[PDB]
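For this view, one protein chain was removed and the others were kept in their places.
Letters A and B mark the chains in the order given here, with residues in each chain numbered from 1 onward.
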Amino acid sequence: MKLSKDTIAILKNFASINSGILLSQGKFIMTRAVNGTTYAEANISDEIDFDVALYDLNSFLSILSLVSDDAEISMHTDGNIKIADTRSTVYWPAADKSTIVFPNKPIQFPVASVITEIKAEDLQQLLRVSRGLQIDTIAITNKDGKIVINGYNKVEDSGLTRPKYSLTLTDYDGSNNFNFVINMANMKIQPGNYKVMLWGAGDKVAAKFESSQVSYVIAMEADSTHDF
Amino acid sequence: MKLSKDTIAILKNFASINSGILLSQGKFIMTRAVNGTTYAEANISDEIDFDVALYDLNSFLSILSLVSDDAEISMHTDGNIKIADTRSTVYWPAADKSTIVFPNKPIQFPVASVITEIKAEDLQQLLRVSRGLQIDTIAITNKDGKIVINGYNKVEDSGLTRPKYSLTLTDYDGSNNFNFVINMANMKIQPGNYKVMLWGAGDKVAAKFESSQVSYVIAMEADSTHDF
Partner (left out) sequence: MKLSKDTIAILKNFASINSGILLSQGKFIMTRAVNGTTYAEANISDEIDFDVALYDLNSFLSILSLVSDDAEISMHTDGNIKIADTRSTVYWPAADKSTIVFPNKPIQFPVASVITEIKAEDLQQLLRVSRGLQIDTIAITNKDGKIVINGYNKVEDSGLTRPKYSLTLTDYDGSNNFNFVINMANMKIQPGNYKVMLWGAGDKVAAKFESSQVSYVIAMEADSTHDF
């Protein structure tokens, strides 16, 4: 099989979610955090032609940057990975499945309770400023006919009543009320425009961020509240 | 209120002199080191619309680099600060004036003993070489008809007798003799061309560095000597 730079770039975003991964034959990739808070999946243009688990995905990807962009990769005689370059060969260890955490099946996200969206710059600003104001948690809520994202410092603001940041998304004429809480540490979303689908059913809350390139599913906090 | 790139640049310099600052209505800004060693002021093109003290100027400025050109800085209803545009709002704490140190009056330099100048590139060299030569002290003295700056490491050269760096400024057309000492740690001046005025009267010694953008007043060390 071959890995293009586009695929490689998405795999690099995945490695920040889980340092390891299980690649399965097909044009599809997915991963899930060890703590189960963040899920990611994407359709790729490359065809994976063998199943193999990688313990250190990031270092593997970096190694691909050192060989021909069309380097052919396959499983070697010893069960490990072989990377065939023009005049050289790079062998990389194949991990035993038991040493990495991975999704056994893709996530089928429920029908959304509410849909909104965030633009590339807005997302970029939220991520940029969150780090500078120690925003460790955000809340997506309905306010004044709009869906808004408030950022807080859970540590010194245990009740999330003093926002240090606020971003307006889309208009909301709906009937329901909600305050979905997200741990900023799970927002490993790569830059881009996303359709945001929020879901709540009793004590179960989750969010899905979808772009033309990747889809993420992030679990929401227990202090979340909704009318649905 | 809006702060352009240049004003922000100058404020960043001021932030390195004193972590805090008091901003007052007008087109003028000034600050001073907590230990009173370095003073700086400048006239700016941006109009400050309200009085406000910032406890951590540097972090505040870095935050400004993340807002849009449409963002506008203003006093929020809670007495704190707000930086908002059409889509988002960043909140920042307005400090209690008593939690910071600031000049209640600008420092003037009515008279001088000797006047010289240092070009932007020479100031740049002095700053960079001192960093690599562990120079913590400089002396501006007259030698063979010229004004020169000698750099030393007082830590291993108590008498300041072994210069590690020497910079020639201008031809000295005077009859006096001097050796003004400046703690290099107080030379927190931004890059640029500066007119340098040195004043000495008995135990009192001070220097003024003036560029078209800002001007500083620096307290010189007791080690200094002169016959003015």
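Methods note: contacts are C-beta pairs under 8 Å (C-beta built on N, C-alpha and C of every residue); 3 or more make two chains touch, one makes a residue touch a chain.
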item: Listed residues B:56, B:122 or B:223, member touching the removed chain; value: B:122
item: Candidate in contact with the missing chain, chosen from B:2, B:154, B:164 or B:195; value: B:164
item: Full-complex contact with the absent chain, from A:35, A:59 or A:158; value: A:59
item: Residue numbers in subunit A that touch the chain omitted from display; value: 59, 62-63, 66-67, 85, 87-92
item: Absent-chain interface as seen on subunit B, which is shown; value: 122, 125, 128-129, 132-133, 163-168
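We take it that only the chains that are shown with their structure count from here on.
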item: Centre-to-centre distance between subunit B and subunit A (centres being mean Cα positions), rounded to whole Å; value: 46
